[PDB]
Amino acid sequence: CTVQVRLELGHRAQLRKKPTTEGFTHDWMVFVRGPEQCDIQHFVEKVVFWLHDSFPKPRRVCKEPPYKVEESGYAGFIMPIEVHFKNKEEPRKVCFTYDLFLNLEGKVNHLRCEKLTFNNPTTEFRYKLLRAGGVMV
């Protein structure tokens, strides 16, 4: 028994008409979502976004959708992202290192698809997966 499920990581970034008081030139938003008509909440406990030091409260947690962070700033950066599962056995989470890159001349619309694979899920975990659009192989 093996179920595969699809995650979408992505971000949008726009240059601001006029900057902020601190000289923040960009507004951006980073997210974890399922593909069209898949609610990943059925198996995702929470998403952890590890923001850069310069941010107040760098460890940003979303326990329910939308799994997202919206901030402003002047520069892009590398960002660890952790997706925790509603799962009482290993693996209980997965990590990606996300590059939030900015366009200094305009907008950025970026999407990135990751396919998780669960070998021999339990009876209760296996729907959480199938409820969320999972597929058996």
Second form
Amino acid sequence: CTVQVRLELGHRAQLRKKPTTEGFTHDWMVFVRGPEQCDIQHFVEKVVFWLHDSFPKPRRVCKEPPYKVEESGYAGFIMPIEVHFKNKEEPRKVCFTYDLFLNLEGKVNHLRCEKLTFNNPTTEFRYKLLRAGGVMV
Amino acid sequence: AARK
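Here we have the form deposited without the partner chain; I need the corresponding form solved in complex with the partner chain.
All chains and molecules follow, beginning with the one already shown.
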């Protein structure tokens, strides 16, 4: 028995009308979500966004939804994201390398779908999956 | 700076 569930990683970034005291030109938000009609909270323990050096306390953790980070900045960067599962057996997380990229002349609305595949999950984990929109194959 |  194999269950597949869907994740959407994405971000929006708009160019500020006025930069901040520190010369931050953009506001952005990055997120992890289920597709429409999918609360991934049921099988997602927490999400960890490993921001760049320059943000204070850059290991950002969301234990409940929304799994998001809102900040201001001046540049884009590569960002590891780790989704940890409400699973007591392996696998207990998955990592994506996310590219938080900015539009210097306007906005960015970016979306990227990732399909997770869990093999022979435990009985109570297979719920969390199916409760979150999972599909059996 | 764009991209750090």
